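K.L.:
Spelled out from the first residue to the last, the chains are:
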Amino acid sequence: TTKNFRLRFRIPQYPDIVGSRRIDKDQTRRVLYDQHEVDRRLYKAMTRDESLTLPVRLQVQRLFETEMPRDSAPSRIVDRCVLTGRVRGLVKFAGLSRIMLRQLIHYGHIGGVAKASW
Amino acid sequence: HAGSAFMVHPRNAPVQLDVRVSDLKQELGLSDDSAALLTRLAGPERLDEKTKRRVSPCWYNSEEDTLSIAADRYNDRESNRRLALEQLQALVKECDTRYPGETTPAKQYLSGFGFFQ
Amino acid sequence: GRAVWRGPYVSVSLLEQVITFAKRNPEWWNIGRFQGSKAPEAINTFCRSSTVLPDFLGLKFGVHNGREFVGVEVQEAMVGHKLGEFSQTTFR
Amino acid sequence: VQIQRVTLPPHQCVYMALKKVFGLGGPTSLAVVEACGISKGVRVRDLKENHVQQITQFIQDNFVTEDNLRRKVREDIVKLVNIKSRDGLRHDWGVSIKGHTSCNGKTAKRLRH
Amino acid sequence: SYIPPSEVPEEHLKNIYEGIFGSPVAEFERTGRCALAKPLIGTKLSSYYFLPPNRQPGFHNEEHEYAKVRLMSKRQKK
RNA sequence: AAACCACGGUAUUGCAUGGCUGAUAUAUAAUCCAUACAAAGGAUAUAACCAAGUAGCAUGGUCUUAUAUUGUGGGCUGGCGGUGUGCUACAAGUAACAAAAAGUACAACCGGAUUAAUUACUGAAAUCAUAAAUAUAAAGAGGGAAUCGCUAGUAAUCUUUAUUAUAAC
Ligand SMILES: [K+]
Ligand SMILES: [K+]
Ligand SMILES: [K+]
Ligand SMILES: [Mg+2]
Ligand SMILES: [Mg+2]
Ligand SMILES: [Mg+2]
Ligand SMILES: [Mg+2]
Ligand SMILES: [Mg+2]
Ligand SMILES: [Mg+2]
Ligand SMILES: [Mg+2]
Ligand SMILES: [Mg+2]
Ligand SMILES: [Mg+2]
Ligand SMILES: [Mg+2]
Ligand SMILES: [Mg+2]
Ligand SMILES: [Mg+2]
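Chains as they are written, first to last, in the entry's author numbering: chain Bn, 1 to 118; chain BA, 301 to 417; chain Bs, 6 to 97; chain Bm, 2 to 114; chain By, 57 to 134.
It should be emphasised that the hints constitute simulated quantities derived from the structure, not laboratory data.
Below 25 angstroms or equal to it, Euclidean Cα-Cα: the simulated BS3-like pairs (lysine-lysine) are:
| no. | chain 1 | residue 1 | chain 2 | residue 2 |
| --- | --- | --- | --- | --- |
| 1 | BA | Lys325 | BA | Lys393 |
| 2 | Bm | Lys85 | Bs | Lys65 |
| 3 | BA | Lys352 | By | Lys94 |
Produce the complete structure using the sequences and hints provided.
P.N.:
Laid out in structure tokens, this is it:
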């Protein structure tokens, strides 16, 4: 029957194969947001434009639900580690979790980043 | 930079235009009133205290007697130069019209074109 | 709360439910509701974040609380509040 | 000197003394005295009968005072209780209306209505 | 009448300046310009994850090869 | 969603394991901060008994089409008691307000908790988020047995920055 293999990475910089969880669904949301980004911005401007009458702005408000899915909302998107998919402990400037980042730094696989003391 | 083949650096597009007021007055024969009005329109540079980033497209420096214009509206280096040159001509046209002065070959050349406006 | 100049918020799904209800019972909607007759039926909804409007008067709402639809009949004193303030989710 | 049946201390400034009225505070008391032509340098013992009458008339026309203010607040709370909203139940139970108060909710417990 | 350049209203100077270089956007306006003045980040969000193709033409799938060795290294199931 | 297929699992055993970490901490240093117009003090590194800890990740055994993958609302914040780590205060006016009438108010008008009405801001959505302002103006007058930190630019006290849609004590 059908199969859906877990997303895993085999890289020479790490002695073990690295597995991840739940990156496909978050990618689907990011694509949908880009799909409806233009229309969302137009309706945001109209609903916060005081020169328009309230009866017209109320009708525009209903377009946020009838003309686009709820999963295109930018507030429902989270940043996961690109290698493991973990949400908590993420280091944004590198895109990796603190667990993976620390080990890679020790072996010089992150450009310019080294231990500090002062 | 290492990522040149994957993304265009955002700082390639901006351009700046500088002109010395004393030379500009001599070339176009601007009167004293016209020069004074031009300086007032420009004014000193304004930098936001939150980031210390210049936010004034046009400003005047008294120590160097220089009028500067910054153009970064578009993504192309050349398109910003075309924008900056047009804006400089607009300022000259406004100041000259209010306070007409001497006539010079440069002023006659621009007048025939119409200041490209 | 929501800025007053931006108007009240009401869900599109809730409005469609009321519109269907009015079509089913035109006589009560036009006349009966004002005399004081009770609604012939109830409307179940999940819209706990919608505001109660003056136009919702004499209607019976079954508001979901996680397990069942708790009945809520709209009174004049309830206008301006959310439907979720009259349907309790926790029990002691 | 008594305004709204509240005794004002004689040695205190007028704008400071008026804060003792239920329904007037610092900012509002200062407005009342200045509206009547009294600055911050005038003390209660320096007032005359005409000055007191002007203050009393001004307050009654512009502000809601002790007894009417207390009634208005209570009626607001009672309406919530009868509506049976989330806040109304909390008022009836005698506990705070905040989300997480299982660790520190003592003040609302001793100030029940 | 002759108006000296030093006695021109600031309002007229501002209109000339903004008519040429544009009108800035204030912190809290209700004209609907703040939404349209923000940059779009549709592409930046959708190119965040490291998702190389499962099968690269001309190369072996090391993850697929890794799985096969694991199955052979232990006893079969059922 | 993958075809001489590499199904999935936040299911279980940390007493079957890898990796990583808590746990003795003096002394020393071709290391770092600072230094160039006279100086002081720190940081980092230095092999563990403890079957100590481990649904991030990887792994042997056992279990499971599905103990998988998904939609809407609800819960993790829950009317009660105990208590750890912090912030804000009060005895002690060396306080409080402040743009000095070389001052102003008061004599804990010191303290700023709780609740009512109102408005702004972010967001598709704000009763159960935040801020401001008006009214309201609570406990607290230095705290039992007991107990913690530190020995000089240190304790104490004050301001600011960063991680960082809105949201730090
Ligand atoms: K704290
Ligand atoms: K104590
Ligand atoms: K210190
Ligand atoms: Mg008072
Ligand atoms: Mg599960
Ligand atoms: Mg162990
Ligand atoms: Mg053990
Ligand atoms: Mg331990
Ligand atoms: Mg355990
Ligand atoms: Mg859900
Ligand atoms: Mg928790
Ligand atoms: Mg004191
Ligand atoms: Mg005070
Ligand atoms: Mg004292
Ligand atoms: Mg007391």
